[PDB]
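Participant: Spelled out, the chains give:
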Amino acid sequence: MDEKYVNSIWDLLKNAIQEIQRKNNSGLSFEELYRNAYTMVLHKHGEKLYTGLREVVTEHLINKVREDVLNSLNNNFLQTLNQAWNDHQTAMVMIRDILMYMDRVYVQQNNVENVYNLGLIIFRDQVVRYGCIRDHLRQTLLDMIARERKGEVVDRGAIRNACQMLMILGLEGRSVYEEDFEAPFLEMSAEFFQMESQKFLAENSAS
Amino acid sequence: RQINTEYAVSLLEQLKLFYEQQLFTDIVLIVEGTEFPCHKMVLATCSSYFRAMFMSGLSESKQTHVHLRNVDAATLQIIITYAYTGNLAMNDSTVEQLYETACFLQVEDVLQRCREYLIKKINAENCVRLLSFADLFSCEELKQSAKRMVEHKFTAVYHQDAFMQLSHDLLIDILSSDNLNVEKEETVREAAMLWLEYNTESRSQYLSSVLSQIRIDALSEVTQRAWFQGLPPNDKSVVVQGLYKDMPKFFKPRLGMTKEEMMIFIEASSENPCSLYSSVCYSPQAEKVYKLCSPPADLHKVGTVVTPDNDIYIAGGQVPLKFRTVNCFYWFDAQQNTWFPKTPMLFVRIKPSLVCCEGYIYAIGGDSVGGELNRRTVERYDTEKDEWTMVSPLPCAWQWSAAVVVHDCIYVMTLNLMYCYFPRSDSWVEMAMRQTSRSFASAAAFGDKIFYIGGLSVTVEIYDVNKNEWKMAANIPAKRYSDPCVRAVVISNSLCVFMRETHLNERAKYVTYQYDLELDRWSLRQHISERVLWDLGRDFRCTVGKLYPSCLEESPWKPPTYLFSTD
Amino acid sequence: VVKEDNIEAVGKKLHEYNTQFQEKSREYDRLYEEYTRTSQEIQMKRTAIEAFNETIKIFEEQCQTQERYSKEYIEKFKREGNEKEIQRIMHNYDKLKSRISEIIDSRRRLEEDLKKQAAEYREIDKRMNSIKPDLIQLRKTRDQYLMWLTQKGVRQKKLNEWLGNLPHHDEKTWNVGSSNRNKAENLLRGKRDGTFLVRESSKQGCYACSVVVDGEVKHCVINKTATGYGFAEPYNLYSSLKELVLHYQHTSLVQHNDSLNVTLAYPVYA
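Protein chains in written order, with the deposited numbering: chain C, 25 to 231; chain A, 7 to 328, 344 to 477, 496 to 606; chain G, 436 to 600, 616 to 720.
Okay, chain C solo, but in the shape it has when bound:
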């Protein structure tokens, strides 16, 4: 009812979701949380919650993820990439299970996306679609497929996890996959096929 009461509930929810993002959600009681949420949303306070969701998860992302995968960059890039990917996936699934009633009542009102789609969108844009990480990931993928073409064996698990998470980030299909990975892949494959054809037809017979 009172605005300070709603603010205290929102701060408790912030502390709870931040503790969950720390991967230490063992000592938490969800009853409390769903309760608080339902209340918030039935107290005519529907968006504050949404926007703050956005904000917090986003902050989390920038800080943590950047640091991690960037410091990787030079190293074990895809390893920590898929690590943070599945960690964020588990965290957002838990948050969706917490805030499912909001996804039921408030999402269909303002035609906005659900918290799961919102989290995947912000992870695709702020974490994946960022400048200094996009070029690095595409160059690493091109390098690993290039060395795969010339005999050097690479762990197919990393590349298959990268491609499956890229096609998952589309939320509709291969939309983002066509522009983030398929567009350089087609041209690099085309030039590689041209080079191999030129080096094959020049000193070999048709047989």
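Read the hints as simulated data drawn from the structure, not as lab findings. Treat the hints loosely; a few may be bogus.
Heads up, incomplete: computed chain A residues facing chain G, CB under 8 Å, no partners named [to be verified]:
(1) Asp241
(2) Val244
(3) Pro254
(4) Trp596
(5) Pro599
For every residue, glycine included, the Cβ atom is placed at its ideal position computed from N, Cα and C.
Given the coordinates of chain C, assemble chains A and G onto it according to the supplied hints.
Facilitator: Frame of chain C, contents of chains A and G only:
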């Protein structure tokens, strides 16, 4: 291969038997001190809440005691009973708390069942409370239904205490709607005034939003009273179906300023090959005919009844053999042109004499003679309790009898006798007999005078309620060598008879006459040409009611002139 | 008839012009229905536009009533340094001017609707004036072939089957419900021996079987006993107006009337 059914029901009954004796109880729910042992799997499969709480893998799936707050013990018990059985025992006393508890556990099945139950239970008393409930719990279907119900009877529900405790959004969305059934804008103005003065200290800041929604410069139907009524005969209804349509919706005449008194014809023979048992209405003031989607289940043999509050109902009748008799009760939505079914009757009837008395609709006779005490039964419906109650049955089995209501008293007439029923006494009293024995006659109530007209040969017999005496008035001017068919209906605060006459080698003719009670003379009122009208048959039922032509239906289905007099 | 005399191929002409003529009557009454609907539409539109006019007039009356209020009771609402009290005529003035503007726009919309419907009505009305002379001319040719071609061996039933492009098992075919003696004579006017119908007799509760016998429509009242219907009395056990009534059709008892050996072999609408 489809999943087995008998094994499923056996497993369900075995699970119920195990739950009754408390076997394998792995979770213990604590609600306000009361304990409930239960299984986690059943609560997960039924409610999405418990599923998410158990699949999280936290201490909630490991701890046997879970404290659930803000949940009623009775509602939780009903939810568990539904989860272990599959049946929901809902009632009008604990439906809102059950829906609240369900919306907390997201029991899709229970939520949908409670939603449809609340939708089928909106009457003229809970509308505002149910609207506030749906707004608080964000149920779009229930919200829209309650909003339409409030718009239908705003002038009758704006006095309730639930209306003054509404929120700001509810007020600004109700007042802005052009579907307010009000005859004058002063009613809406006074409603807004009482709403703002109910709690001034909290609504003093909303006075601008309140005044911005009430149409002050509309001047809908007063401007016609200023200049003159000079037009073709009663062409004010033309201004209604023109000015009201093209309007920026800020000065729009509300829907209540659009209702027009039209002669409601049901079961009227139709030229339409598919629906030859359709229903149409004619506006004496508009001289125009409008189409109705009246048949909800392509049936017939149903009676008509118009309450003083201008409500239409049909009951009884029989649907074609897929002619099985039914009990369905349908109320007409004058805004959506669609009938909403109600609680079915207790006994099937064919053309039951439906009359409104003291707010109750009574079903009198209207059935084939089966059983001495089994027939002649009379039953009334409760508009708010939504239930049928049996009353003192008819003294004798009659056929083609009519029923009217005068001074909150029930009257049924027959061949030559007459019985008067009193709901306060619940008894039947034989009244003054009639000098003529006739059948298939039509009767209409006009003041303390009952008009019995018909016979299948027309004679106007007047009964006095105050004198309990029958006096002859006249014979309906008509033609013997032809085919007569009269329908006595009261419109424009005047008794009338809509007589359909089929002459020798000629088509059916339609014309409405006006009767003078003082001079005991029948005057020609208005000739009803077949410009938009056609053969309506002989078994059609007729009544008088006010409907909105604005959005009822628009279909001539009859070219005005067709004279190929070119020669 | 293009100087032809094959009779058969010349009768095909009769049927060629047959359809062509008809097509016209359909489009003729269609144009009449269009005329009527356009008439009522322009009637309902002129009433709406005069309503618009009188509303604009009364709104101008309110506009000058505002100037009247600027001298009647404005003295105690402008010199006090308040603006919320004057909103009852000042905030009711600007929105009234906007209402005037938008109803003028609505009147322009109704005027352009009027001119566009008048255009779409006159583009087919001028067509009526160009098809009615052709229609009446085609009628005259049909009447010219109703004097010569018709009398070259064609039947009226053949003409009907050309202007249109057991029957006793159906009841409606002969059953004319409650027709009178006159209607029956008119329906069996110029009919063959055996053409019959089942109407209701003037006697209330009785039926009548009118039938062309030797060129004369004889209305034979049907009786009704406990055993059933029937003409005389010995055979008055007819279950209904079906099985045993069609049984009489095949018996054609002459014991009833000397001129009743002609069997009812042709329903009126066979």
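Participant: If a hint holds in the structure, say so; if it doesn't, say that too.
Facilitator: Tested hints:
no. : hint   : result
1   : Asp241 : holds, 7 Å
2   : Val244 : holds, 5 Å
3   : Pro254 : holds, 5 Å
4   : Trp596 : violated, 12 Å
5   : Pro599 : holds, 4 Å
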